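Only one chain is shown below, in structure tokens, and it's the form deposited in one PDB entry.
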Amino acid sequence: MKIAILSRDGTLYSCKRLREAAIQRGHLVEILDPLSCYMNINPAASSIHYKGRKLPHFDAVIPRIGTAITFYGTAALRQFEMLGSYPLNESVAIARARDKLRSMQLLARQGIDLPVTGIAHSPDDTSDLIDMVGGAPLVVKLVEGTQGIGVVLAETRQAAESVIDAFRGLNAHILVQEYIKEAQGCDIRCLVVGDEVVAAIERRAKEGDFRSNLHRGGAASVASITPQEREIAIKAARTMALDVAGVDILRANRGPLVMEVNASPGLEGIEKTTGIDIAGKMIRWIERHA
């Protein structure tokens, strides 16, 4: 089979592993920077050009589309889909998953448990919003945030007022979210391929922090996930219409809460922590559905 990996990070571990795994299974592989594809849209069916050349047909495309290029990357992916390529994650679902508020609304509407989460942009009554979510302790987050930057624990009502008031000046969407204190700074990161969780690790915040992000000094280790946790990760991915998804879970008293769904999970940390061949399993899903 002929497989395109659609990513700007072709030098990086996850793309190199997907290429190696596909070649090892006898497939032909090309790594394509989405930003280098250009194409006639009207007329439709028109072939994709790349560095002055006309790309061949690809049986499958593996999109690995950075947050910064979602709109154009999915446009390139959409073109491959119209030419008949099988996509490991559809353009429609990648664009939806990039929309964090929409994704959370969908998850909540389909029965998936999440922390009590309020959304706001320019709220004019800070106390009302704090009470609407249920009072301190609260985690305030910027929706378009990464690496734990703009994610803060407001333990008291006054901290929550001050943080929400300060974030107002930024003209940005925010989450105000119930603090899962009993998780003790740990989250469970599952990687879902198809109908199964293929791998899971635990990420643990440093002492003095509650954010498990690696960039914020988090530590990864092998996890023991429950049947319920497996089930919620698989159901979250299916609800998002993703064939491949990272799902981050917080362990609350009342059960697992889905915190995040990522359409382009990194392979390095979870593969190296667990020893599982995740890239191989992505390739096998492709073999079974293209």
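The term rigid core refers to the maximal set of C-alpha atoms that superpose within 1.5 Å between the two forms. Residue numbers count along the first chain shown, from 1. Compared with the form deposited in another entry:
- Just a single entry of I130, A199, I94, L175 exceeds or equals a 2 Å CA shift between the two forms, which is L175 (rigid core superposed).
- Comparing the forms between the two forms on their rigid core, the Cα displacement of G269 stays under 2 Å.
- Once the rigid core is used as the reference frame, the Cα position of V143 differs between the two forms by 2 Å or more.
- After superposition on the rigid core, the Cα of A22 moves by 2 Å or more between the two forms.
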Given for the second form:
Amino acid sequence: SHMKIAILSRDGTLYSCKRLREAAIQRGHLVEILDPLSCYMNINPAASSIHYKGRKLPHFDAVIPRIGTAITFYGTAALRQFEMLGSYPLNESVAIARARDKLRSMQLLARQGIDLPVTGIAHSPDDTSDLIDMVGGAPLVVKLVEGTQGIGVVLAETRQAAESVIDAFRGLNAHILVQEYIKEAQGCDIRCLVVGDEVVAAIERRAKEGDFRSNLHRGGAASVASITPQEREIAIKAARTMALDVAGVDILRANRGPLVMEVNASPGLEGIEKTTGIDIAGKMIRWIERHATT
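Given the form deposited in one PDB entry above, I would also like to look at the protein as it appears in the form deposited in another entry.
Shown below: the chain alone.
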């Protein structure tokens, strides 16, 4: 096979080492790790080489984007150029772009029939009481966002709390914001990692005693997971709907059933690899091998 594979990222972290590793090992591929920010190119005379530190890049059979949440406009532009040059991407630019927008993505998942928690959208709602009654929740989660980021989640246990919180963020200097109801669960969500058409690995993320969260480390403790066939199907459908080749789907276990809470196009590998012992980076290179033309 022997492919030249580029990896779009800003630095060297476990994920970056684990695939330089798995690509050099597996069918003896060459790997260059490029900062997207350091790429520069003529978007005009259509295609045209990509430049990096004064030299022309040599044509990659494939590109592995792993673009940061704060560099996603330029990142996807550079990604787009690689695509136009013939490189196969796991996760294509459009898909990556759209996925960063949690609003667009939640909308899309909902339209395609995927069970989410009931969720409200707002920015400067003008009648908070009506917004709270919509969504139904008396206890619910409010998630501040600002553009396409996320700068906070918070639980509002009472009506008044939910009121004061929304009224706080309403001062648009916090910008777009999301309401959805809290769970049974217990600060425990399941993170499935999809590569192509299968769930490749899956862990339970568990909260700490102080309120909830559950985030990777907002106090989070990982443990290996027992996914139901139903959860497995869902997490694969979610990625398919988002047109993501690699994705992290987070699932909450509600009484009514499993609910998708979020979908990531650049899931971290370390926690989930170390927890399960699964060679995820390898399943990714393997996927490239099945799909990239050389």
